[PDB]
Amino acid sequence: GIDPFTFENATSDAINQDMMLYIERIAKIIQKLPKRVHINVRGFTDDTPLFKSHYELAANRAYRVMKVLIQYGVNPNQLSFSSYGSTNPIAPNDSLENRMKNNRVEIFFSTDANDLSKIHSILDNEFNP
């Protein structure tokens, strides 16, 4: 299914060419969804020491991804972004591997139950050969 947008280094909001292409793919998918469906782009970090806060770094990540989605044709009306800083990690900040996991941006869908079926179907088909 949809993987989060991972960031290569703990302290950067830079998006490499591979994630740029993956954001483009998701943008195109988003434009197939019902118009009443909105997308919240959520930014997170690990607890790597530092940007004057992890909220700032997360916000930049999320904002940048949102900007890329709009560049590739997602309607701004459907979009928002949010920063979660170093909170709500995918995994404890134990290892290199777990920390790297936590530096990411995730897509949340806002949908009624009818459109939820339609998103589900589109995503199930998009990511299953």
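Basically, rigid core = biggest C-alpha set you can superpose within 1.5 Å across the two forms. Positions refer to the first chain, counted from 1. Only residues modelled in both forms are compared. Compared with the form deposited in another entry:
- Aligning the rigid core between these two forms and inspecting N75, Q71, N40, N93, the C-alpha positions shift by 2 Å or more at one residue, which is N93.
- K118: CA moves 2 Å or more between these two forms after rigid-core fitting.
- When the two forms are overlaid on the core, consecutive residue runs of 3+ whose CA positions all differ by 2 Å or more between these two forms map to 92-97, 111-129.
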Contents of the next structure:
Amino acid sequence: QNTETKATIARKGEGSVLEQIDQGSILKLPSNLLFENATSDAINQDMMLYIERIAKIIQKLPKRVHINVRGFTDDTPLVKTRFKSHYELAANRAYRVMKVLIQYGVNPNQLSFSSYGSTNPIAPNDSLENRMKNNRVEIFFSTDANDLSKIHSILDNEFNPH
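Please show me the structure of the same protein in the form deposited in another entry, now that we have looked at it in the form deposited in one PDB entry.
Just this one chain is shown here; partners and other molecules are left out.
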């Protein structure tokens, strides 16, 4: 039923999970592992060491892997912050992690960053734990394989009478 396994990043690394989907892998990191709070892009004192470890793991992965850093927020009112929107907050957070991965030697041609804003929650925002997961950063690992597409195009050009 489940395709998520807890992941251990730093011999502590609490709350992180690895999910497999059919078109790739998603590493999910709760807010408090990267940032001082849910509402800023300011990094916390352990941020760097976590990302270094992820970057080492990434170095074992083949070259054609594309790595997408994805940001997410909860619905926390944005009045107290310098951001215009949830999308903007999540973009800046995703972008910072990407940049740190670059500093650690991950090739920029394999990296991008995304923002989902507040509308893909993992859980109810009824606890600190759940709030940290709703403000998570994700890392999606995939490829731009097109073998199946070339087969289809090939077959289509030969065998379509339309």
